[PDB]
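This document opens with one chain alone, in structure tokens, the form deposited without this ligand.
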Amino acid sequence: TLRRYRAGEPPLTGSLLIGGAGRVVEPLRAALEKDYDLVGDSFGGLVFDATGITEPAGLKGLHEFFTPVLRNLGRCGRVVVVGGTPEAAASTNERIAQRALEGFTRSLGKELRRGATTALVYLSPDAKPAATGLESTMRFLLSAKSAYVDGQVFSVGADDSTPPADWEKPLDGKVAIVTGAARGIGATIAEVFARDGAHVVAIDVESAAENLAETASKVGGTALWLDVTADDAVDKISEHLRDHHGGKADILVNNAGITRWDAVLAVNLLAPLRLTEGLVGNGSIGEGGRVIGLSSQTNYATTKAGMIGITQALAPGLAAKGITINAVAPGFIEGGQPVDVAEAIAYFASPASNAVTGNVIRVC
């Protein structure tokens, strides 16, 4: 039975080794030293900086680092390889080697103890030497919050970051809109956001009735009964933000909720796109904003791909306004659990995740 996050428990099940050569090892060692049991004999985390590998021949560096240590990696352990964005390498030799990283981290998992995970994080070569924009990703990965995120690839760009005042309350003071919020993952996302100190606007359909009122109260948020596919949805959300939150939201989570071709397109693709375009277009979501999509056969497979489309298409335009857009694509859930999906969303929602945009991650 897998480790999920709690309280003032330590982030890892044991010590944390950071190795490799490159531009990430020192900044990370300095950044993670206070909160993690850092080393120079039973490991909770293994981090290899692969940024210094500039040719395929150098790929043996991976083998040389992990082989002596993998076996001593604990249950529910973390392995992270950090490389540089291959599209942006300085030589074709470097692009090949950094691309090859993905193969290594995704097959290593089959050698690991139960519940242990692996992850690949790419960092812009244009990120500044302190690598602040990387921190929220590492903390998410090196913690129990990321229990069911495995074999994934995270792409961090170039901007600097600022830690939240408190990494145990990273969403402290933020306003989050969550749709499909009465039951299911939606209700859980709302709960995890509140735990992290956000004020949640819980949105669902009018027939959710009391259930929605219930979620709002449990999370200390507010309820907004509304059909997100109606013409006036943007306007109604804005009005609610004017009354309860001085006209502004920080986070929009587009979750369809469980509460024909055209109905599926309208709910899982058209509506969330409209919501995003409108709430951004009118300034309700401004600098520091976070949009996070959550997918979930020909109907749905198209809207799931559509959601990936939104996330990639809107990222450039949105980054120029200081806003990130990301998505989570969950697997088999009712094994994997909702809290797990919610953590991933909360990781993107982080004010310290400003250098994470255009990403799509699978959970379970």
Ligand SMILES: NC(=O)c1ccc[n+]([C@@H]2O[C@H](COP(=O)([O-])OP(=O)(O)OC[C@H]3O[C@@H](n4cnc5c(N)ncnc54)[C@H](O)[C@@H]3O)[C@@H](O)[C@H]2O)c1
Given for the second form:
There are 2 protein chains.
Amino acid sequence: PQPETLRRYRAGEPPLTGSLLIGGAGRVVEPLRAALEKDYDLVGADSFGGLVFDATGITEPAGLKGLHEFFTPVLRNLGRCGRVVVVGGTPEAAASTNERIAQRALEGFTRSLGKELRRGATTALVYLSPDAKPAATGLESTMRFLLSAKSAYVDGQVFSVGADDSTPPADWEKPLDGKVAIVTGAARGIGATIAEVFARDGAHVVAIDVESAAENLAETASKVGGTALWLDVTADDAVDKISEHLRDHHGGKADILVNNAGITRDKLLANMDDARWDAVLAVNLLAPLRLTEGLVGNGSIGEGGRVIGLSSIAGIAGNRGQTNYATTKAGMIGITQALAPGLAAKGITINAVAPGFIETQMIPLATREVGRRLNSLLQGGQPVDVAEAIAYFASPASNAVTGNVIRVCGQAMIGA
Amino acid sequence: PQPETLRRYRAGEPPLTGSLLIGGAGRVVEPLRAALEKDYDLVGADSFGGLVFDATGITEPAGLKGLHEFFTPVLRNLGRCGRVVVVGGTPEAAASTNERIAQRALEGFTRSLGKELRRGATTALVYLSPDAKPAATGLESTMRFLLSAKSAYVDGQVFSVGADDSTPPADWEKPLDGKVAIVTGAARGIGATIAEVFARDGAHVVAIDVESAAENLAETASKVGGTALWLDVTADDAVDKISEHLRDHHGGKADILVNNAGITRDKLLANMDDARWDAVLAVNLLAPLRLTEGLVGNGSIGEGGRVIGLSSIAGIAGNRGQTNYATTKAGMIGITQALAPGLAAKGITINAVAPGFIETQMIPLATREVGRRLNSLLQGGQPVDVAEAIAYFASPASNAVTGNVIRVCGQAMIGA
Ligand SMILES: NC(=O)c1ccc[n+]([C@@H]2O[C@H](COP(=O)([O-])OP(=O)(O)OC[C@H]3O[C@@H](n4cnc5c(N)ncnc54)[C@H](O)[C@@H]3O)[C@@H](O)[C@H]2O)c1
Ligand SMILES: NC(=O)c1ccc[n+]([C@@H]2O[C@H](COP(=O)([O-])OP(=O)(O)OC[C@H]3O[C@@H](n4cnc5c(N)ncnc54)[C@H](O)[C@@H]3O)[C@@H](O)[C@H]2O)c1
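Could you output the structure for the form solved in complex with this ligand, given that the previous block was the form deposited without this ligand?
What follows is the whole complex; the chain from before opens it.
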């Protein structure tokens, strides 16, 4: 069992390595073909780049034989870095309990199969609101993300698309064109690569980070063709300083806030001081809350808005030595779920990305060299992978995706 | 880092190895003291058998310093096989978004700390409906379970108690006294130990299993002082045969159905025949659905009823070689969540238990000897541990606990 060269995004290459087959039965197979004829290579015999099963048709548990009939033949013929996606209906919203039971069981299918795919290929489960108009324009951003090299490190996860219709962006290849994005913690690591990706996709980045970071930040802003605001997100006046920086540079409006800045102060709870607790709570939790309410509250972010939070696998599964940190990363899941209704009223989505083992950076190089393999893809991921998920949510056309938590972990063995 | 001798249940011993401290602030600290003065050794300096933090008081994220102030002193003083429990308010039902954010973040705290406790001790998070009457009689079955040797292999999990009031059973030491319990798959393994535990707690067991099992089943029925019904739960007439067996033996009524019978037919989806798919779907999924609707539908199980399903970690995290099996075990989570409302209307709860690495039985004795350690408690569990969780749900006084999925896994590293 050997790790694949994961194909990542590169401009001009086709989204998939092969052709796209779209089986199954229900309200999605048809309109999905129609929406993806243009940019994909539809079947139809020869190396598959992506299998997609419409599951919405399955209305009772006996129906689940369907996955077997569609998948078992085609699997041996799945490409390098191919993409399996099962599209179902939101289980809570089904028309009968029988249907709810069947759609729920799919998660068990998609996650088990993710652990069988070979040569870097991945599975995904996507639920779609049964209130979605038949075109399902609300579903395109998610399918376009999953069926591409962009999702390289996203594996085994569950996306949940709502009812609202979506406008496609002017150019799918540059989706954040003309958007203004605030990135906290942009001097280095994942935060900087978010700036890059956001820039790549056409956005103007406000790159925020502390005085200490000094110039690492300017290097990042110059690199992405953005601006640099040297600010401690925990400062009593962070909201003022940002709204003001926006007033100068972008007429007082911003489209995307990425709450990426974070710290750790790992200690066992037993030997844990107030400063290790309080310092972590302040950056990772209070500030993202305060910044999001702040910025929406004064009109800096309005209709069409996007808030994305950085959660973590620790927030989901816990981790030894991180009761503080994990509280914050679960807290961030808390922000995403609690504010989703309010913000939806205001035309704003909010979603979270939960990284697993990312290389730049991750601790004894005795546990490093192991924890990096403990996932279906057998390798550690890269900042760009996490940034791509984040760019997906930021998309002008991801307006029907809110309240989601997606791990970017290559289906890491660990979880709740 | 070395595995503890887990203290399991034994009649007459005290529920805890030490004294019970109940800190924190909110609507639960007081009434909880009152309800547990009688059977527990309340503080108050010397070896703690159980720490319990009332979290319901925490209404904004800055509040979360509370866990730190209560836990950091007391932790070094935690007994052998001690029990940490944080009791919070259902996050969805909070009065403000701020409170929802704080109560949500607790999960991250309880799971991270579970990975730090020493010498077999465990954490649990329990949410309580803010509609619960101040006495919180609905919460006693859960606290009594967690704070005992009975929960020996339950670690890091999340329980969710509703609003309804509860009557205590006549004798807490024999909670299923006079109840009639149907156990499927009782000839051996976990199913038989459920019969034992159910018998121990005063119940009359109908022990069901196939013809093949022949006598293993009679040995179990004679052992528990029950009756033996030799029946393939997938048979077109399983519901008739059981209602009829009940008509003879228990005046046509049963109080508890345990949907424990299951099989595997592990194969990779790629090389998977119809019979490995269909055979597994039929026992593990269609039959538990058909049996529960069947038995409630003809009045065999009525008000005061209890349905408990056997799910699995595979159903939650997936597993290689088990797309069929995991579909069923996720399916079983599907049954528990889909039927909870309907059945609640009828005075019936339904809940699921998801075992992890249980010894009798679990595959190469090269992966056995590893997978058994991959959990906070560093050892594989035992059938009795799984049966105890199940007996907890069956309790006459667990009427405010429905729709729950609890893993019995000693906080196994693997999950979603
Ligand atoms: N594998 C890991 O990197 C991993 C895993 C899970 C989650 N995450 C999360 O993803 C995010 C990125 O982590 P990273 O690996 O790039 O670490 P990093 O430490 O390299 O990057 C964080 C940046 O945030 C900045 N920052 C810290 N406090 C700040 C403050 N108060 N105000 C403004 N800026 C501040 C730091 O200067 C730093 O430049 C974090 O939120 C982290 O918690 C990381
Ligand atoms: N560690 C593991 O044991 C583990 C892990 C997770 C979940 N589970 C689940 O817990 C339950 C118990 O498993 P077990 O380890 O005791 O395995 P087991 O095979 O020893 O016990 C199952 C019993 O069910 C009986 N049975 C099978 N099909 C039946 C049918 N159609 N009708 C009536 N009886 C039938 C079998 O005869 C057997 O006696 C199963 O549902 C299993 O899926 C087990």
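We call the rigid core whatever largest set of C-alpha positions still superposes within 1.5 Å between the two forms. Numbering follows the first chain given and starts at 1. Residues that one form lacks are left out of the comparison.
Checklist entry - Hey, quick one: aligning on the core, which runs of at least three residues have all their CA atoms off by 2 angstroms or more between the two forms? => result This is the sole shifted run between the two forms: 257 to 259.
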